[PDB]
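Form deposited without the ligand, single chain, as structure tokens, below.
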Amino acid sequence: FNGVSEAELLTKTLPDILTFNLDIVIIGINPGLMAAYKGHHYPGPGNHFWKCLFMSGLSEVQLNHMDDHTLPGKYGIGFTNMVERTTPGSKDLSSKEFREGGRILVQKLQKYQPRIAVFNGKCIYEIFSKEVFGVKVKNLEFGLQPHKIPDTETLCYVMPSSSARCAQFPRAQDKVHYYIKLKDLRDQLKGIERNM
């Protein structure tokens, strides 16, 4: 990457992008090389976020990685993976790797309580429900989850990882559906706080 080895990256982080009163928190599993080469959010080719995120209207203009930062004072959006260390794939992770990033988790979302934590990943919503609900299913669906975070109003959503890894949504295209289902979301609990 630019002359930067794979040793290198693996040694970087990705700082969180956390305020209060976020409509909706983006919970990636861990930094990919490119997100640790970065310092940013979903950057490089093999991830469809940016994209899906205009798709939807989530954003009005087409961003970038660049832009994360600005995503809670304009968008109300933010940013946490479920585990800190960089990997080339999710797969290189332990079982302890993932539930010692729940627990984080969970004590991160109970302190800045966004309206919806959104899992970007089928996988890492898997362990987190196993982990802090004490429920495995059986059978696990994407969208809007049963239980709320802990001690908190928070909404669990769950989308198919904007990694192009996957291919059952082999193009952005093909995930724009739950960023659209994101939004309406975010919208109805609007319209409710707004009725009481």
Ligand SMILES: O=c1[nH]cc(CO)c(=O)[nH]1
Second form
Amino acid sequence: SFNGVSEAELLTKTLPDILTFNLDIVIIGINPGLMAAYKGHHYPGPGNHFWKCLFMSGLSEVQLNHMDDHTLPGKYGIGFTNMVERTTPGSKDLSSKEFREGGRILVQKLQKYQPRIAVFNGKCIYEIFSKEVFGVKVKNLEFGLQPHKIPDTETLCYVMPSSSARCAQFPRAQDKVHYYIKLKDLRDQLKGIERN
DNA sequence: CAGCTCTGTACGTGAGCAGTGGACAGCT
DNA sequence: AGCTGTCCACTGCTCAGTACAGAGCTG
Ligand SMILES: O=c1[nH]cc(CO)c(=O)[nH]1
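Now show me the form deposited with the ligand bound; what you just gave was the form deposited without the ligand.
What follows is the whole complex; the chain from before opens it.
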């Protein structure tokens, strides 16, 4: 029990999006974990690498935590949402129909607020997104920038290893910070390309 | 064959948990 | 000196996607 709160109550709770217009980066998670539904803030996981990586990469220049997520769009130009809204312990608990439904809601949200870069916090969710939205399944899907903008916009697609610490192939935040740094570089290259 | 899809399986860190016990002050 | 309770350092866990092999297919 999370301070008295049963796991049953948490499964029903949802995590509110934090979206505005003219954002640079929208961090797209998979779906709310237990701690996320409890706190009502994005990536509150004590082990989760998201915030540490936001700092080590200098995307935030100050060590923030989940409580500051609502202050991100104004200050740092970063917004939050997920592929699937339903709260589950994580990943494998969701169905294919749920993910693709989420993708529809997601691609819809993306072409509304249209940020500069749609950041997929997880390879898995982009595999589903790419196949559904772009009708394309590539043998060797790689991290980083993707060949397709979300339809009818100029929003780019950028994929990173999931900030979850369950990922054994990237054991530490140091092992993931590289993709955040190139995300920051991508952002800067886009701001400059526009300012020209 | 060879390719394609889907399922299951295995894998490293480090934060936080309960349990354990050593240090130690306040007693009698 | 012996007793004893609290405190706390430290223990030994557990647990928060991805790559890939192979099986069941199809071409
Ligand atoms: O990739 C991720 N990691 C963690 C979460 C939530 O805790 C999420 O939604 N997506």
